[PDB]
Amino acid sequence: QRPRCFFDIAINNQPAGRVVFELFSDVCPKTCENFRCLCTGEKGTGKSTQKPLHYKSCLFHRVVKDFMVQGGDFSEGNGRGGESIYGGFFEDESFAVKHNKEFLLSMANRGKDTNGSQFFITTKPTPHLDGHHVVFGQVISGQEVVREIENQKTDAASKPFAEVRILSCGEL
């Protein structure tokens, strides 16, 4: 069975609901294990960042309407940071799953083989990302929460003016 993970979201400290993901561990096992462990916090402290390998209290720092919502920068909160559970970054595992629909879970990166902790959730088909970002899961519930994140007003760097925070997270 494929694992299922969750985020409980708050927007300016007001609960917005839970997003649940299914992870395609049969396609991208190393990528899925990283995300799963970042949900539970179970791998402890990031090697280079020296901060918890954990999405708890992390933000959705980049929102682009009709494109995606992105988070997981636990160490800098702005896209510059993060790290994987393996230390630093890990390689792009599979391009098998297409970015052909809303509500797919995919790895953010800064070029080839730079997977860390940052992830995004598509909000429309984004096929041009195929071969660039590894899709590794999908929303199963909480689509309306994702839409509420997507519709946030953002600053000049596409960061929501509201704090879109992962209040709690884990594995089901």
Contents of the next structure:
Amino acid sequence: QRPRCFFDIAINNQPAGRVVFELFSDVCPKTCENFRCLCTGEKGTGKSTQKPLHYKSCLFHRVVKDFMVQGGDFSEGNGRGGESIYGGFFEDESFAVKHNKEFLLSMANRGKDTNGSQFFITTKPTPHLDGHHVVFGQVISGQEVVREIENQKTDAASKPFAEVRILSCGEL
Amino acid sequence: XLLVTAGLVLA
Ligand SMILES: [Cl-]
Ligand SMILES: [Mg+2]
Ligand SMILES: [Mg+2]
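Switching forms now, from the form solved without the partner chain to the form deposited with the partner chain bound, please provide the structure.
Expanding to the full complex; the earlier chain stays at the top.
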């Protein structure tokens, strides 16, 4: 039953490859449905942002080597924006999956019960985030693409100097 | 430090 979603990535407009995720819909269904729909764009316009609820053309705006890569801010591209398909944010659904390995997909937030559209992919274990961020999926292919994102040189806000853009995205 | 926030990134 678990859905599979993908991003086709470019780095400074140069295709880097495809990342495929499996989403743990059995554990975190509301969280997974949000991400799935942001991949397809099927839910249309975000209520507060008035921009498409869609990861197409969205950046990975924050990268920290040996920690994680973060993206999904479709409205501002810098971490300040984003919103969920439900309007505004939604509650933390489950803390059952641990941040105990690389290549886990988890929600970025701005505190308790503030899940929007922003996510991160771990590149090392991040156990201190347990109870703070909801893990809801995992990379199943394209790990090397994630590593290439992780290796980008970044600015003072940890934003890559070279644009890491989701060219295309969807559900498999 | 090592957080993943959306708006005020901390140490
Ligand atoms: Cl967000
Ligand atoms: Mg469905
Ligand atoms: Mg507003």
